[PDB]
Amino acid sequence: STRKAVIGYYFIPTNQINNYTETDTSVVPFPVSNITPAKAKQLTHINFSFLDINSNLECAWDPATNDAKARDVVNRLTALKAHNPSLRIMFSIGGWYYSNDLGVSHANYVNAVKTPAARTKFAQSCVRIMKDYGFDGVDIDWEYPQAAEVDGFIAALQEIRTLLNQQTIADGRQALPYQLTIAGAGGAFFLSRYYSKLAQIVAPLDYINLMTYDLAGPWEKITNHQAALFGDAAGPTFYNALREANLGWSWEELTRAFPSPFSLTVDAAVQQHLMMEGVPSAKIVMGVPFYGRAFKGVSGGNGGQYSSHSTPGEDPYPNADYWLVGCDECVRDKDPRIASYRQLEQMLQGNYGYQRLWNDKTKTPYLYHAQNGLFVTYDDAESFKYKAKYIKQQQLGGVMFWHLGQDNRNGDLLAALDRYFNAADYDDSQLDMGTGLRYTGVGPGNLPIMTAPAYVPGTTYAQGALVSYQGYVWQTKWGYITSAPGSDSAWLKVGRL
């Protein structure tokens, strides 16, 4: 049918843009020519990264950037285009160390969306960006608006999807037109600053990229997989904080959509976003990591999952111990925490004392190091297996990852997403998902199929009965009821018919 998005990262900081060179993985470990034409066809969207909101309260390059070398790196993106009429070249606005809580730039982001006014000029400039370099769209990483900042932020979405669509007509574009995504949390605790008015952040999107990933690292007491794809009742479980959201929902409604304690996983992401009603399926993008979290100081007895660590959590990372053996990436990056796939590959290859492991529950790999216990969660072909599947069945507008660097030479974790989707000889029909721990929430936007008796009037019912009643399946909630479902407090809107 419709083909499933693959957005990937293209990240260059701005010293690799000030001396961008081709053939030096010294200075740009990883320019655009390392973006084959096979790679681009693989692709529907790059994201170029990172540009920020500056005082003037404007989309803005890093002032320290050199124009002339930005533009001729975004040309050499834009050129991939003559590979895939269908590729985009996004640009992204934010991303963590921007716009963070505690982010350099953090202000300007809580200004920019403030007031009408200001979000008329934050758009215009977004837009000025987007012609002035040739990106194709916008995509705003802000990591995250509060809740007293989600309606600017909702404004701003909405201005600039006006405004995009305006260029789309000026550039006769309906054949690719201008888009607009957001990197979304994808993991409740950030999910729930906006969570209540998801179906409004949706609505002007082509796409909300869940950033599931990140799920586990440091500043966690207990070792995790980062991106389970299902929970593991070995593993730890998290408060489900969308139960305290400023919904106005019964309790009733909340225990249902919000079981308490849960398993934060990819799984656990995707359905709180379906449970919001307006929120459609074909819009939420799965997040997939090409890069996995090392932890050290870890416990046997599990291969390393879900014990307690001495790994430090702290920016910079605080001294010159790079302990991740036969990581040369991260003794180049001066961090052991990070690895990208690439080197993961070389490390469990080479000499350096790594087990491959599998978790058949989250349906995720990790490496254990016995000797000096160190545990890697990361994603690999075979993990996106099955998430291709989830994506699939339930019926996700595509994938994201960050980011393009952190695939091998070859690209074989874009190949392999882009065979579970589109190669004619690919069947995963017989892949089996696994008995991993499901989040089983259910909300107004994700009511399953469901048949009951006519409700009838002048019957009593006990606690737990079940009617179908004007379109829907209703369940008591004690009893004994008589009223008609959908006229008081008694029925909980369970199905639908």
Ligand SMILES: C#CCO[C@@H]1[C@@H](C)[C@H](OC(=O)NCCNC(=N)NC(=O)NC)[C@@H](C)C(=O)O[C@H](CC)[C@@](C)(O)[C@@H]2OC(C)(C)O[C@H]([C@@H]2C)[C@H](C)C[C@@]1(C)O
Given for the second form:
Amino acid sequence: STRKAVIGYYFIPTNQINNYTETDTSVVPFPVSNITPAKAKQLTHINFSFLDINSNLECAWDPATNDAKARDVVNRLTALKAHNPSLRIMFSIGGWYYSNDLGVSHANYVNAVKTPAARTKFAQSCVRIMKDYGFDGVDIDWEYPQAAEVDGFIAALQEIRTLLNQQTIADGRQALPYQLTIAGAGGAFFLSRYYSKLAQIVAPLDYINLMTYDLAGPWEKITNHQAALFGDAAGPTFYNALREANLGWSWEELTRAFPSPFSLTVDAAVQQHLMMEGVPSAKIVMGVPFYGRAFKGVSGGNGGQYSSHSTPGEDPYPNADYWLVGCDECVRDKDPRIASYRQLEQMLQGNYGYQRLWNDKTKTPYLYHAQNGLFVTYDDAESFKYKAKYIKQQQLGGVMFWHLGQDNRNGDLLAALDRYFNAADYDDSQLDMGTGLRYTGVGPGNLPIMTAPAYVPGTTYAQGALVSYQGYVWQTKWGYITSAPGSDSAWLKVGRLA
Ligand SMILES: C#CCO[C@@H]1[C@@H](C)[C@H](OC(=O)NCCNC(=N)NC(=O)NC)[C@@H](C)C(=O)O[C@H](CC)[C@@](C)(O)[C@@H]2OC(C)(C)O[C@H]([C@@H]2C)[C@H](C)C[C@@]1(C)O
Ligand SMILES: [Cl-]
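Write the structure block of the form solved in complex with the named molecule for the protein whose form solved without the named molecule appears above.
Below, the chain from earlier opens the complete complex, with every other chain and molecule after it.
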């Protein structure tokens, strides 16, 4: 029954706020008025982005922001709620630019969560901003707290939660209670910063919106799909950093949960969350990108997949060679490395030399430009069928995407997601999910259902024997074992009784 969340980022830069207008797309390419009533019904959340944490360690707009124009923009978004009583306008604190390890505001994030009093002041500023501008909830997109910061971050979220709950009571908003989300890591290297404390991070949240995209990029040496649903054995694999997380698990426990190397996929990130105890599937939201990543200097043979390449990683783009043929938005933005889905349709449709190819293991499309040696990894309405099917099958909370301004003009990507979850006449019972590589890790949070003969005292069990005892199915790690399962280190808990 429960409606899947559909969570769309709305991003607008400070200069566009300060010059806001709905009638000149050279000033504001994606005004609020582009979010029509029909789009509004298809969304459950819009994440307005981005606010920041200032040096006073409070949530704040960019100080260069014209406040009356900011209100007017936010008012336009909340007016959308008139077409859809389920819809929320969240706001988002952070983003890569403000909050990455080398970001301009980074130290503010670290300091805002550092002490009890700092957290109280920060938490209060969050709810005060929410109430003053008319937002429906708080999203945190710190990319990413690390190590020593994680306990502070967790405490900050717990405190925001309580303050949100007070506010919900004060405004009688039990029908649409104020909510708390974060944008979570969607790959294991960044996820490993807070993985051991994942249950604590998720507990105060309504959702954790996994950034299961940007899993490939110019910083990797080999081209790859940025959001492969499942793995391709011909593609690159990666060290599983999670096996070095401070978990206190045994060798066998670590090995069964964290195969290494592994395929960096959407399914991997999702399963890595489900493996942890106290992380419920309904709180897990799959991120998807409404943009492609482009690579140049690729050699042929497999459509530009898994190729070396010559794409600069530096920021800003180091020159004016805008080599993404047909991408007009790339010229406007002076960077050929990322193109909106909206632009990609146009590139494919014009005579620009791209073929649209399909990897049936990853269930994702890609563009290949054979003449110039270009490769583009992106998602479309077809890749979203498989992802939506996976969302229903794994009982996830829904879908998130970055970002709304990158859909095509008729918003076909958002309409597709809405249809795959909610349309009466859409049927995916026969959609084939393929033979791509699944992440097979098992941990305490996702033990499969199993049967086996009851454990018998006095019996000598060989290596690999399976018994049932006190709620679970257990496996001997070596032989010959006669101890009761769970009473020493010889037995591995591998499954649970119906
Ligand atoms: C959370 C995020 C991603 O931030 C984007 C920026 C940071 C954008 O990052 C992405 O779009 N990344 C895709 C993955 N998404 C995320 N990391 N996070 C995310 O989805 N959060 C929900 C990168 C590719 C970018 O365009 O950076 C340019 C220079 C390369 C940068 C940093 O100058 C910049 O340039 C513009 C295009 C003018 O945007 C601004 C920012 C100054 C804004 C502030 C950043 C933004 C929104 O474009
Ligand atoms: Cl609700």
